[PDB]
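Colleague: If you want the building blocks of each chain, they are given just below.
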Amino acid sequence: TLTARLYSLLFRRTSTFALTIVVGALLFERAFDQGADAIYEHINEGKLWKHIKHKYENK
Amino acid sequence: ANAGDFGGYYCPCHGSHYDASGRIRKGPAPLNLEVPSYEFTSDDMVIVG
Amino acid sequence: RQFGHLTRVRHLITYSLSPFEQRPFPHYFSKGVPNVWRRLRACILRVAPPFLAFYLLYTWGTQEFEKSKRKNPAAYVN
Amino acid sequence: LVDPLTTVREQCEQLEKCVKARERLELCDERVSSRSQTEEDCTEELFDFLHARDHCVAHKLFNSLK
Amino acid sequence: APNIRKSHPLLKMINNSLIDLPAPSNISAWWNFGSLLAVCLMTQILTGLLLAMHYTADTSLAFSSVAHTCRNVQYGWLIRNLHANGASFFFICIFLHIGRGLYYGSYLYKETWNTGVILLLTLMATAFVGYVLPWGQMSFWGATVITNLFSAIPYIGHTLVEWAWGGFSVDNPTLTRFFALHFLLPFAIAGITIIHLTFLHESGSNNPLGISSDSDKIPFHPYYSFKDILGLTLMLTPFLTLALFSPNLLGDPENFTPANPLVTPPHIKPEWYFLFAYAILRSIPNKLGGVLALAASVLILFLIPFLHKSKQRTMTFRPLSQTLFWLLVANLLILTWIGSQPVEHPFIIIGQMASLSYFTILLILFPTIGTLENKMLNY
Amino acid sequence: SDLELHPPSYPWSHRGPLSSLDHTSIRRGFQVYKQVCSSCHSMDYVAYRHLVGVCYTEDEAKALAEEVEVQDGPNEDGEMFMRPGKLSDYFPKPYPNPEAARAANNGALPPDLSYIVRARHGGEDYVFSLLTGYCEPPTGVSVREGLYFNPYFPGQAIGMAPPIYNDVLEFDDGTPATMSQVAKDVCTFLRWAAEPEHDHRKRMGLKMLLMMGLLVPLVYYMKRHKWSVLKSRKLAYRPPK
Amino acid sequence: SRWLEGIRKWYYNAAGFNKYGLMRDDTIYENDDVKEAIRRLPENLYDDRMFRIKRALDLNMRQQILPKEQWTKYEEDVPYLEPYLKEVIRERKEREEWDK
Ligand code: HEM
Ligand code: HEM
Ligand code: HEM
Ligand SMILES: CCCCC[C@H]1C(=O)O[C@@H](C)[C@H](NC(=O)c2cccc(NC=O)c2O)C(=O)O[C@H](C)[C@@H]1OC(=O)CC(C)C
Ligand SMILES: C/C=C(C)/C=C/C=C/[C@H](C)[C@H](C)[C@H](C)[C@H](C)CCc1oc2c(O)c(OC)cc(OC)c2c(=O)c1C
Ligand code: FES
Numbered sequence: 001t002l003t004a005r006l007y008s009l010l011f012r013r014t015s016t017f018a019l020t021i022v023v024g025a026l027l028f029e030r031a032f033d034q035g036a037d038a039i040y041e042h043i044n045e046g047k048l049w050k051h052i053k054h055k056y057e058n059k
Numbered sequence: 001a002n003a004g005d006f007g008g009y010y011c012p013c014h015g016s017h018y019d020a021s022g023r024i025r026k027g028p029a030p031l032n033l034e035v036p037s038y039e040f041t042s043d044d045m046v047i048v049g
Numbered sequence: 001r002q003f004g005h006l007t008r009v010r011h012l013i014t015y016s017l018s019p020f021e022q023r024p025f026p027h028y029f030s031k032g033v034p035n036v037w038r039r040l041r042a043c044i045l046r047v048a049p050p051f052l053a054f055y056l057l058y059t060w061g062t063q064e065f066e067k068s069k070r071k072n073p074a075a076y077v078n
Numbered sequence: 001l002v003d004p005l006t007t008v009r010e011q012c013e014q015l016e017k018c019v020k021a022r023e024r025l026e027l028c029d030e031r032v033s034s035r036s037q038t039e040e041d042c043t044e045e046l047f048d049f050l051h052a053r054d055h056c057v058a059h060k061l062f063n064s065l066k
Numbered sequence: 001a002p003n004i005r006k007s008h009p010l011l012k013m014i015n016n017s018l019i020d021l022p023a024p025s026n027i028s029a030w031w032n033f034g035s036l037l038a039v040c041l042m043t044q045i046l047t048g049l050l051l052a053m054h055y056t057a058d059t060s061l062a063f064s065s066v067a068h069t070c071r072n073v074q075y076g077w078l079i080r081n082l083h084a085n086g087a088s089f090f091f092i093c094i095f096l097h098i099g100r101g102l103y104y105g106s107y108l109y110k111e112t113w114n115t116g117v118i119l120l121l122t123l124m125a126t127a128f129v130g131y132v133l134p135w136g137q138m139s140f141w142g143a144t145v146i147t148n149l150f151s152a153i154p155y156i157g158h159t160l161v162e163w164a165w166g167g168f169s170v171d172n173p174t175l176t177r178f179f180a181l182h183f184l185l186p187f188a189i190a191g192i193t194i195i196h197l198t199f200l201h202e203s204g205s206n207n208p209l210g211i212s213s214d215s216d217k218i219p220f221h222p223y224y225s226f227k228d229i230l231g232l233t234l235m236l237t238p239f240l241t242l243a244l245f246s247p248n249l250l251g252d253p254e255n256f257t258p259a260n261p262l263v264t265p266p267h268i269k270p271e272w273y274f275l276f277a278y279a280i281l282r283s284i285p286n287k288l289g290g291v292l293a294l295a296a297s298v299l300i301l302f303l304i305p306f307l308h309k310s311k312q313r314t315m316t317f318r319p320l321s322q323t324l325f326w327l328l329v330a331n332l333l334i335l336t337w338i339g340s341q342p343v344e345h346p347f348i349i350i351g352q353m354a355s356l357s358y359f360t361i362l363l364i365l366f367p368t369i370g371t372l373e374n375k376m377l378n379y
Numbered sequence: 001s002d003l004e005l006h007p008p009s010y011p012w013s014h015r016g017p018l019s020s021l022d023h024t025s026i027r028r029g030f031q032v033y034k035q036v037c038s039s040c041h042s043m044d045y046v047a048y049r050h051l052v053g054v055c056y057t058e059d060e061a062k063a064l065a066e067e068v069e070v071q072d073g074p075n076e077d078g079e080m081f082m083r084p085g086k087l088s089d090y091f092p093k094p095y096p097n098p099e100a101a102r103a104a105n106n107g108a109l110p111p112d113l114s115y116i117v118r119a120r121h122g123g124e125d126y127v128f129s130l131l132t133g134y135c136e137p138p139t140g141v142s143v144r145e146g147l148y149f150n151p152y153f154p155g156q157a158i159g160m161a162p163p164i165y166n167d168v169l170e171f172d173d174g175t176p177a178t179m180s181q182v183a184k185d186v187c188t189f190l191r192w193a194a195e196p197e198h199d200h201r202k203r204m205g206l207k208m209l210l211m212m213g214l215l216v217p218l219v220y221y222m223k224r225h226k227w228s229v230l231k232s233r234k235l236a237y238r239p240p241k
Numbered sequence: 001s002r003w004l005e006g007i008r009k010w011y012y013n014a015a016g017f018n019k020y021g022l023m024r025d026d027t028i029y030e031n032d033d034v035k036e037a038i039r040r041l042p043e044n045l046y047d048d049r050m051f052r053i054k055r056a057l058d059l060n061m062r063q064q065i066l067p068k069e070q071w072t073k074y075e076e077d078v079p080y081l082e083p084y085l086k087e088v089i090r091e092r093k094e095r096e097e098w099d100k
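Residue numbers (this note's numbering), protein chains in the order written: chain X, 1 to 59; chain S, 1 to 49; chain D, 1 to 78; chain Y, 1 to 66; chain W, 1 to 379; chain H, 1 to 241; chain F, 1 to 100.
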């Protein structure tokens with residue numbers, strides 16, 4: 001039951017808690033960025049150098 | 001120069017209007033513009049200082 | 001000033017619950033939002049007036065200025 | 001080659017406001033160039049036009065531009 | 001002491017100003033302003049210290065340097081943006097902080113208040129410099145008036161200025177010697193701020209009702225610490241939003257044109273967080289008067305404590321002075337507009353007018369509506 | 001008469017707090033600067049270096065900078081000498097100094113367009129308008145010898161002759177090089193030029209906004225979570241009688 | 001023409017400090033005089049006042065107020081301290097004058 005499983009295992013021991021903040025942050029980062037980057041770029045299709053980089057690298 | 005309500009000068013800082021003689025006519029400015037030491041050396045010559 | 005030397009307080013029973021045994025969320029739509037309005041409507045008639053007054057003095061001021069700029073079709077009918 | 005600007009200024013120069021302005025101007029123009037001694041200038045009137053013209057010039061111009 | 005959080009000379013201070021500090025239970029956001037003001041002091045000192053890592057105080061290099069600091073230094077642009085804006089978030093919070101304090105008579109904690117003024121003054125002072133630094137058209141011409149502004153003081157004036165800034169005209173020296181002041185000053189603000197809080201702690205924090213709070217008072221930590229961290233992010237979002245979306249939104253663009261000692265820009269609009277007093281200054285046609293007005297325009301805060309008559313502290317139960325108050329806050333927002341406005345009849349008068357209500361509302365109205373309300377209570 | 005005309009707003013491709021710059025457009029914007037403005041308008045704060053990865057290619061910009069010779073350091077015999085413009089050089093100055101330029105432009109000083117877009121209220125909107133927008137002075141109004149009427153410019157008399165008409169160049173990408181069109185491209189450039197960070201800066205802004213969104217509530221709960229102890233609370237006065 | 005009586009009533013409900021449910025005197029800023037005044041208060045009224053203040057604070061701290069019922073009515077407001085406070089003041093003014 002997630003929340004309960006979580007608390008007991010992750011949030012109870014101040015030792016553990018922290019440990020998940022870290023390993024979590026690593027995950028949040030990696031994911032937040034890719035997501036953000038995508039959201040962004042997509043809202044600017046064909047305007048970015050990544051997008052015209054090709055008229056000297058095709059598309 | 002060439003702006004103001006006295007056909008001389010206007011200072012965009014606090015609204016002091018000057019006449020073509022350089023005198024202060026309206027605004028908060030306190031004394032009239034500075035008149036340097038000068039003279040004319042001929043028909044077309046003018047030396048300041 | 002620290003704690004334990006603040007005031008001679010007698011006979012005040014206070015009951016409060018652990019945050020985990022109660023809900024922080026709170027009771028919006030019941031007591032929540034209501035009081036919010038209870039206040040917008042309480043001071044609106046004490047705050048807004050002057051701001052409103054400014055506004056006018058702002059608009060008036062601006063329009064008039066923007067007007068004193070336009071020519072009097074009759075500053076030269078001749 | 002034709003400049004989408006000039007074409008779009010053609011349409012725009014026709015919008016009610018432009019006309020009600022372009023007219024206001026035309027008069028002033030020939031109202032000042034008709035006299036010898038007058039301080040009047042048809043700048044104001046000119047703007048009002050422009051102001052209005054270009055305004056839609058903008059609402060559409062960038063559509064035809066790459 | 002098994003405590004430690006109280007048995008350690010240093011460590012105590014903390015667990016005595018952030019934990020264990022007795023603070024009134026009932027406290028509105030208007031109490032965050034200050035903890036924020038700090039974060040500004042920081043954001044300013046941190047960013048600026050870092051921006052100074054690239055500045056080059058010297059006419060011929062001064063302007064460009066900054067540009068370089070932006071275009072060339074990684075995130076150097078972000079640093080700048082943040083800095084110039086912290087300036088504002090800084091003045092905003094300060095302007096609000098003063099508000100709050102004014103309308104809860106926190107100005108009754110006198111010293112904590114008087115020091116406060118100093119801070120303002122200094123924050124105004126330090127912000128004056130620094131803006132000179134980038135040496136833009138504004139930077140220059142601001143330097144020239146503000147400084148020259150001490151022209152008014154007779155005898156010691158003309159001289160004090162031709163010293164204030166370098167030699168006899170705002171030139172390189174004045175610049176280097178300003179950078180120095182700027183680099184230095186903030187650290188003074190920091191110090192005084194310490195002195196400010198010291199005086200405060202002597203007298204607990206106020207509280208919105210203006211009546212003893214010993215009856216309640218909660219441990220600063222558990223509560224207010226969070227509350228600050230929150231307010232941190234709240235009035236952090238705007239400031240950041242600006243800095244990442246429309247940085248120069250508040251920044252006059254005219255200053256993007258390197259200084260020219262020969263031409264002051266037609267349309268010299270001082271920085272927004274300065275306009276009010278600015279207006280006051282020009283609407284009192286007389287060098288001296290102009291300045292004087294200004295002088296007191298800000299140097300009046302020192303008198304508010306003496307212009308307090310209400311038998312009650314705050315004015316939450318003083319609906320009368322209460323609106324008089326907003327009449328003031330707005331009378332200020334006005335002076336401001338009238339400041340960002342050229343000098344013509346539509347304005348000007350409006351100007352000197354508000355620039356009259358200002359004083360009166362303070363010097364006279366308040367204390368009058370003050371005693372009056374007491375009598376409407378048999379006091 | 002302090003009478004002026006305020007420039008209409010154009011929906012630029014990069015106006016949106018979340019919309020980057022059309023890098024393609026800047027590329028052209030660059031060319032129009034290089035081929036027509038970079039002969040009067042200095043632009044000291046940029047350099048081919050930048051173009052790389054933003055609208056040009058390394059090799060592209062390099063050969064692009066070769067296109068100009070620059071005066072460089074002392075000999076062994078110590079004497080300025082010219083040499084092929086490297087990648088790190090800054091865009092060429094057209095005049096050795098201002099008063100030199102002023103003597104080349106009918107007594108006027110073509111301002112450097114590094115920060116032009118943000119040095120004049122209106123930015124692109126202004127600039128664009130200014131370019132695409134000259135015309136005969138209305139009546140009663142007379143521009144003097146050497147100047148050119150342009151309503152949008154204060155004084156309405158500019159020292160810059162309409163520097164842009166149809167075809168003045170030929171965007172190698174196959175773009176109708178119409179005035180309106182080119183003039184657009186110049187402005188989008190002038191922007192990036194004025195603040196290369198643009199995109200990077202907005203993207204950032206994006207994330208910054210998603211953190212506020214996420215963080216503030218979190219701490220709000222936390223703030224409430226913690227205060228509930230008080231919000232909840234209840235008093236009562238029980239003396240003995 | 002217009003009763004000061006009629007007026008006070010106004011201001012009273014206008015100040016609305018009774019919405020929190022505390023008497024006028026429960027508000028007067030605590031200056032040297034008042035302190036001495038309140039320090040002369042009979043323990044009855046003291047604890048009364050206290051609670052009223054703590055309740056007031058507790059409310060205020062919750063942003064919410066007291067049911068329309070519990071507000072205190074103007075005529076029923078008890079100037080519990082005015083009397084002491086006054087002696088105080090004159091006591092002082094008596095001393096201040098004597099020290100001259
Ligand atoms: C190239 C596309 C180009 C642009 C763009 C352009 C713009 C521009 C601006 C925005 C200004 C004026 C802003 C202001 O209010 O002062 C400006 C000014 C001048 N320019 Fe220009 N200009 C472009 C190209 C050229 C070219 C090729 C020349 C030289 C033939 C030229 C010259 C000038 C001059 C002179 C001015 C002076 C304005 C004045 O002081 O009256 N520009 N330009
Ligand atoms: C007390 C807070 C501070 C205030 C009020 C402040 C304000 C300013 C302002 C407004 C400017 C002009 C910015 C602009 O051009 O828009 C400035 C510039 C600068 N400040 Fe500060 N500053 C402060 C602290 C600092 C600190 C602590 C340092 C370093 C000691 C610093 C170093 C600089 C630098 C490098 C500049 C020049 C570059 C630039 O103009 O951005 N500032 N500061
Ligand atoms: C230098 C920046 C300043 C900082 C960082 C600062 C900090 C503080 C802080 C945090 C408090 C605690 C309570 C609160 O947040 O309101 C405080 C209180 C106060 N400050 Fe400041 N302050 C600053 C400037 C000023 C200024 C310019 C004034 C001057 C009018 C001022 C007046 C006060 C007052 C009156 C109080 C005490 C009453 C109360 O807290 O209710 N402060 N200040
Ligand atoms: C090593 C770190 C020691 C901590 C120093 C730091 C310390 O006083 O931190 C808090 C208490 C201080 N504000 C408050 O206490 C505070 C008081 C009443 C209410 C609220 N909240 C509103 O709801 C508060 O937030 C806040 O204004 O910062 C100051 C001022 C100081 O820091 C400043 O010198 C730093 C400057 C000098 C750089
Ligand atoms: C090194 C520090 C020295 C010499 C001391 C200087 C003192 C600084 C004081 C507190 C500061 C200016 C205050 C905000 C004063 C009261 C407000 C007045 C003020 O007036 C201005 C003004 O009249 C201007 O006219 C064209 C232009 C300006 O900027 C371009 C300003 C301006 O920026 C400020 C702000
Ligand atoms: S600087 Fe001239 S009006 Fe003040």
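Hints listed in this document are in silico derivations from the structure and should not be mistaken for laboratory results. Using N, Cα and C, we set each Cβ at its ideal position, and we do this for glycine too. One should not assume that every hint holds.
Said to hold, decoys possible - Okay, the calculated bits of chain D under chain H, using three or more residues with CB under 8 Å as the criterion:
1) 4-12
2) 16-27
As the list claims (entries may be wrong) - So the derived list for chain F, only partly shown, Cβ under 10 Å to chain H, looks like this:
3) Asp47
4) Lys68
5) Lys100
Colleague: Closer than 8 Å Cβ to Cβ for three or more residues is the test here. Does the region 16-27 of chain D pass it with chain H?
Modeller: holds (count 9)
Colleague: Should the interface hint for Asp47(F) be scored as holding, given a Cβ-Cβ cut-off of 10 Å against chain H?
Modeller: holds, 7 Å
Colleague: When the nearest CB of chain H is found for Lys100(F), is that gap smaller than 10 Å?
Modeller: violated, 45 Å
Colleague: Three or more residues of the region 4-12 of chain D near chain H by CB distance under 8 Å?
Modeller: Satisfied; 3 residues make the cut.
Colleague: Restraint: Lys68(F) near chain H, CB-CB cut 10 Å. Satisfied or not?
Modeller: violated, 19 Å
Consistency note: the structure conflicts with the earlier hints numbered 4, 5.
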